[PDB]
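Coming up is one lone chain in structure tokens, specifically the form deposited in one PDB entry.
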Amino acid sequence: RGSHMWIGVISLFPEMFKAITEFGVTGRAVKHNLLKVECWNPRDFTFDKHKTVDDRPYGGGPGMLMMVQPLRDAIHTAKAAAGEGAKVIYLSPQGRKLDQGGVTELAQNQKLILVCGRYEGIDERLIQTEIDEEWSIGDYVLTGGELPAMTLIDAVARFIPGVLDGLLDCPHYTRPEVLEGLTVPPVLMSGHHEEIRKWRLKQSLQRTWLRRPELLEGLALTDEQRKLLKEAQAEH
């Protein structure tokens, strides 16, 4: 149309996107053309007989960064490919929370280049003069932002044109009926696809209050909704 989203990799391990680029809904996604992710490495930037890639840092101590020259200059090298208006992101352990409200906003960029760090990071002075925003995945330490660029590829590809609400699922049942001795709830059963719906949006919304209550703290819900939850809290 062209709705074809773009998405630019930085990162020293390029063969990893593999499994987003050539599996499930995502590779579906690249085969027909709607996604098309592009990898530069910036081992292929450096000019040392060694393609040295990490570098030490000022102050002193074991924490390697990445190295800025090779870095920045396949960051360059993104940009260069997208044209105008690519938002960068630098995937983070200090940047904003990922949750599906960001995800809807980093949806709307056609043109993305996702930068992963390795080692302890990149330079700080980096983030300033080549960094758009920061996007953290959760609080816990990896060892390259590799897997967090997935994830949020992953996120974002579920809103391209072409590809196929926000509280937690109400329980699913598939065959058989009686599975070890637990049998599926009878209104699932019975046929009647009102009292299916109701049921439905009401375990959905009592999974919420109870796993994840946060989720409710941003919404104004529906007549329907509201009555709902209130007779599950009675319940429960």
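Take the two forms, find the largest set of C-alpha atoms that superpose within 1.5 Å, and that set is the rigid core. Positions refer to the first chain, counted from 1. Compared with the form deposited in another entry:
With the core held fixed between the two forms, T26 has its Cα displaced by under 2 Å. For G63, a C-alpha deviation below 2 angstroms is recorded between the two forms after rigid-core alignment. Here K202 counts as shifted, since its C-alpha moves by at least 2 Å between the two forms after the core is aligned.
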The other form holds:
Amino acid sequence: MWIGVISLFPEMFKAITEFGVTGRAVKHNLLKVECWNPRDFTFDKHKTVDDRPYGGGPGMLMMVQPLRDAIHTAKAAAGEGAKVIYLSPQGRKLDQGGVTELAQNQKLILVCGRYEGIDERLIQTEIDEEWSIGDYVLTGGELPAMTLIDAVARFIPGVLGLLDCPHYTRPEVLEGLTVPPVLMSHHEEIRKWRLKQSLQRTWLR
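What does the same protein look like in the form deposited in another entry, given that the last one was the form deposited in one PDB entry?
Just the single chain follows, nothing else.
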């Protein structure tokens, strides 16, 4: 799988490409993540990446020209069939069904916004889909993009409905707490199944 990323902080993506299961996927050439920074597409001395909203009010938007140019460079690296995803608080809320759908794509381009977001017309001209990772306020689209990468990477071949029952490992006595004698005795898929149901009944419905 190939993933293109547009971000003002591309170095954040080292958390994905250098470590753990995604890092191992990168090392084994099962996953490739390439980043482009709108800052690198600026023409002015101050490398301006923000711009004022028409209609006023507080907040800024991503400046159109550096952002659009970075997207175009990612699209040229991707080639045909790359789906362009805008990480947005106004997007479809990610769940495992959404992850399964997004993981059918061999190529993705993930656009990360800063400030109050991006010009509405850029959504029409450049974006295929908008996605949120949850109903909470973040400072940008980078942690959502990284979260999406990790979730979809699990679907790449070679990379790898109730509340779980409690699980125990060594020692037998931990802070005076003992392991249920049943585990250590059989199977008996319950008490494991019975505890999984008991925990589901007493805590979440």
